[PDB]
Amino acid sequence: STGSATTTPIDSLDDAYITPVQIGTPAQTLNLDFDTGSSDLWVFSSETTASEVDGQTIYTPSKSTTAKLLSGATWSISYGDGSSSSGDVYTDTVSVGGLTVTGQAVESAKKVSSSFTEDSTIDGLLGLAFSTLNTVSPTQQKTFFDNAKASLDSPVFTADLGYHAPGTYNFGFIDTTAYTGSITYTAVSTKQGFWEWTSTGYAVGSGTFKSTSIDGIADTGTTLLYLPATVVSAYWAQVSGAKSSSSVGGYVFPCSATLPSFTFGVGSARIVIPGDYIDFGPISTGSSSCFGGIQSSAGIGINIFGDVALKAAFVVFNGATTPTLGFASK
């Protein structure tokens, strides 16, 4: 089997991407944030505290003839941005782009933190990291990809995120029309539960490539590119007037600037992020200070190849017995 679904930016900055997902019988379609940095499929629901729902579409398990309470199971997750959610668990039929999994754990939120409530466009998350990170207790549950894998034509999914435009998540096949050149594959460590890999270096604009190992994660659920402070300083030093602002929370730059590109290495191959992809717009409405799309990871503990980086590439998440990642230009 295969599946193919369009993913759409939630706003004009590409802060996140939403993908329609069919849950239950008859189908209830919710727009989920596909997150290769986590491993829980959770939704706003008829069980979510009413004051914490503000415009999201909810899953109502009582209206699904295939929903079953997973008795005794609870979940609770905290994300790198400080947001969180928790609740109980049903199993139900879940379909993405024509690919159907029966018995998928659908984690129903009883509580969500304010950032989720405040984002009316995201109805939940669909985790695509390794199932060892799934938070369901006392019986850990499998991701949608893990449940689908054996049925897929090939044990892979691909992320093709757009810049200021829709893109595609495919399951079970690699669309050879969706990229240019060849796909370069690179090793993955699953020891932390992430799609963790080592970039071979970077360049700023037309500058020379610096060969240096940068361990990080391919994370579709993180907006920006978070890299070591040395790398980030080298980038922003090429932008007149750019500075790190403790009050804003990262590097800012004059909105009048033209940003240089940023290149990252994948083995001997190179992915070029155009400068425009690094512009996240005014820090507040009407400001002439703009927020940068490349930020330091120093306070995170891990480097994160988020959407800024991934949207410059066609990305293969290869879930073979030994997982690997593939990157191609497009």
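Residue numbers count along the first chain shown, from 1. C-alpha atoms forming the largest set that superposes within 1.5 Å between two forms make up the rigid core. Compared with the form solved in complex with the partner chain:
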The other form holds:
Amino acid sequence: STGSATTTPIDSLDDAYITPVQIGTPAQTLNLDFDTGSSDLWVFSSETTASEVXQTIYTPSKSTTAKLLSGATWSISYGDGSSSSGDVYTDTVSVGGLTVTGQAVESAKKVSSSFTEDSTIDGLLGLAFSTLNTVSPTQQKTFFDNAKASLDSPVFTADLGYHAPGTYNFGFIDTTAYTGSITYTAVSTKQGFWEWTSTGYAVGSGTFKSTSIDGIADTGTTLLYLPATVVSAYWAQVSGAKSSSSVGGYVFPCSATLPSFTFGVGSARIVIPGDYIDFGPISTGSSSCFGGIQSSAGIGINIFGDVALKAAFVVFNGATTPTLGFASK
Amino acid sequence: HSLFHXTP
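What does the same protein look like in the form solved in complex with the partner chain, given that the last one was the form solved without the partner chain?
Complete assembly follows, chain above in first position.
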């Protein structure tokens, strides 16, 4: 089997992308954030504290196929310190025509304020490895893990757009979706992430520096976070750029034309256009813009987020030995 | 709407 779904930026800045998911019988459609940085399927629901609800909710009691998962609970927090918790049902879940029965659907009893504040995201769909799932006492498999037995091929691809819709595909590779050939690189699952090592970087039309950059492919993260020296090397090529404490990152005049950024994938090269790195003005009408490449120093991990991934066609190969594939598009 | 960092 296969599935194909359209993914849309939640705002004009491509802060995040939401993909429609059908849950339950008859189907309830929710807009979930597909997150390759986590492994929990959780949604806003009829069980969520009402003052914490502003989103479309899941109502388990309206689904004929929902089943309470007795004694199971979950609790999760993310990179930005936001969090949610609750109990667990299994239900039928469909994405772009691909249907999984008995999928664990984590029902939120409580959510942090940033989740309440964002009206466009109804929940998250985790696509990292299942060892990161927070359900206890027994961890639950991700949507991808459950689908693998039925997929034509054990893969999914991300094709995220710049200020435009994109596609998530399951179980097949759309050869009309990219140019050139796909380059595959090995994945480490030791920490449960789609973790890989880039072979180096170039700024604009300068030289490619071979240097290992271990990082994770995280569709749930907006920007590109790289080691400080790499990031310094980039912004040095932007004459009015500087680091801003008040803002917490590099900023530059919105009028500047930004250099491209290239990262290595084995012997291949992926070029992020300068325009993708112009993330947006710090406030509407402002003459200063926020940069899309920032230091990973206070995070502890390098993160290849949407800024980076939307410049490529990305293949998440979930075979027993998983790999990452990148193509130019 | 914020900037998003999806889990440690």
